Amino acid sequence: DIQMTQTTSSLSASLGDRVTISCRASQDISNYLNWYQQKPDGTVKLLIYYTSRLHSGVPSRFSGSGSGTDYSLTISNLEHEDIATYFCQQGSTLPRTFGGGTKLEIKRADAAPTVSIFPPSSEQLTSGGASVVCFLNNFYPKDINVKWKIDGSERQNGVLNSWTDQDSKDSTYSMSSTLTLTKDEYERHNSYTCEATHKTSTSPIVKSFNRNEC
Amino acid sequence: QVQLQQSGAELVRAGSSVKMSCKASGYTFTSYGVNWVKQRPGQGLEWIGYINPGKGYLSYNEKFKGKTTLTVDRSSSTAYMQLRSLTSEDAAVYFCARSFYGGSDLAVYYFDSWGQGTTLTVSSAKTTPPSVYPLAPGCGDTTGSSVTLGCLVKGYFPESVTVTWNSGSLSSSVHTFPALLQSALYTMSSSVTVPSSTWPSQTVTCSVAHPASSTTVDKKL
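Chains L and H supply the protein sequences, listed in that same order.
The first sequence: position 193 = 193 (the entry's author numbering), numbered continuously.
The second sequence: position 99 = 99 (the entry's author numbering), numbered continuously.
Treat each hint with caution, since some may be false.
With a Cα cut of at most 27 Å, we get these calculated DSS-like pairs of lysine-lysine [unchecked claim]:
| no. | chain 1 | residue 1 | chain 2 | residue 2 |
| --- | --- | --- | --- | --- |
| 1 | H | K23 | H | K65 |
| 2 | H | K63 | L | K45 |
| 3 | L | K39 | H | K23 |
| 4 | H | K23 | L | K45 |
| 5 | H | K219 | L | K207 |
| 6 | L | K183 | H | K220 |
| 7 | H | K220 | L | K207 |
| 8 | H | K19 | L | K45 |
| 9 | H | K154 | L | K147 |
| 10 | L | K149 | H | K154 |
| 11 | L | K103 | L | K45 |
| 12 | L | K183 | H | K154 |
| 13 | L | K45 | H | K55 |
By construction, these hints were calculated from the structure, which means they are not laboratory data.
Chain L on its own, in the form it takes in the complex:
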């Protein structure tokens, strides 16, 4: 099977720049390489076919080039309508394989997480559980690490967390971090601590609350 490697997983960029998405096949695929664009909300569309040939309606801003095993897509002068996922595939052999994709994000000025810790509510405790959740909210870049401390001790145990898309409106990322305890595990500890490490800070923002203090 030809294994095609989109070496770049996720690519961040400012508007008006030149980006080069890049694809490497395992066999020499004699310039049977095509580039497809997947927009947000599902839509896939053909840009380039046969390495460098453009498709009808694809803007001149897109262009390709490659040979043998290395191929590249160039978006000269990045516009807003190019935020998408770019896939490439070979056409020398069957079955037609594809690359894993490369997502363009928009680079915008740094933003710090507006963090918030949340206590276990009475109604869930009455239901017999405990979900301490943490909102690491509105931040740039996508890189962040969160850290839980049930009392002074760190706990990667039942921390199921939902990351997010780069917002349509303000280009930032938000993130949920649910620590899921039982009414007695919770009932055997006092301070709970959600903890965040982000680009925009040489100080770990820590978020807490004391169980019985209320």
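Using the hints, position chain H against chain L.
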């Protein structure tokens, strides 16, 4: 002109069997092969098979020969794809894609026209209704200049939960973190942010409503 209309999503139980469709218009159905491509979420695209309604050729990716049948209604310009013995790993998005007018060998084709996609969740788990919790400020969380308030909506099935702060008002400041099934059970969250001038001073309410369960939970916060 040229459009490939698909079928409309389906939720199916394990070991079952779907047949999806692909209504094609714009051109002569019979002269352009139709391919089927799968996409597991955040994994690459993937090729299943190809069929041409007028040359008499089928080729399938070898790992899909086992569970797939590409067939055709030449008079309704439709193409169907029977995916059988449906498991967890088969849950994905399935695009049909018109190949271009040549044929099929050392390419001579590329996928020049894609369908809207058809989703297929495969779960052997019944309709469970949501559990709308209030998540309201930590005690001793030293009184900010704005306040974040969130609703944890633990456990439910199927999807299509809505969350709505103040029955529609706080449309910005709100973040719907996407649901993520732990064991069968979906789970979601939503936050809202307002200055201290607006809460506990006022009425912030969370409005979850998962229709295929006939649920409507409101919550004072």
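Do the hints match the structure? See the list:
A hinted pair counts as satisfied when its Cα atoms are at most 27 Å apart, and H/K23 with H/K65 qualifies at roughly 23 Å. Restraint check for H/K63 and L/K45: the C-alpha separation of about 25 Å stays at or below 27 Å, so the hint holds. The straight-line distance between the Cα atoms of L/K39 and H/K23 is roughly 22 Å, inside the 27 Å bound, and the hint therefore holds. With a C-alpha separation of about 18 Å, the suggested pair H/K23 and L/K45 falls inside the 27 Å cut-off, and the hint holds.
Distance restraint check for H/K219 and L/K207: the Cα-Cα separation of roughly 25 Å lies within the 27 Å cut-off, and the hinted pair is therefore satisfied. Distance restraint check for L/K183 and H/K220: the Cα-Cα separation of roughly 23 Å lies within the 27 Å cut-off, and the hinted pair is therefore satisfied. Taking the CA atoms of H/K220 and L/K207, the gap is about 24 Å. The hint holds against a cut of 27 Å. This hinted pair checks out: H/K19 and L/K45 have alpha carbons roughly 24 Å apart, not beyond 27 Å.
Among the hinted pairs, H/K154 with L/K147 is consistent with the structure: their alpha-carbon atoms are about 22 Å apart, no more than 27 Å. Restraint check for L/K149 and H/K154: satisfied, since their Cα atoms lie roughly 22 Å apart, inside the 27 Å limit. Among the hinted pairs, L/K103 with L/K45 is consistent with the structure: their alpha-carbon atoms are about 15 Å apart, no more than 27 Å. Of the pairs offered as hints, the one joining L/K183 and H/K154 holds, with about 15 Å between alpha carbons and a cut-off of 27 Å not exceeded.
Pair hint L/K45 plus H/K55 holds up; C-alpha atoms about 26 Å apart against a cutoff of 27 Å.
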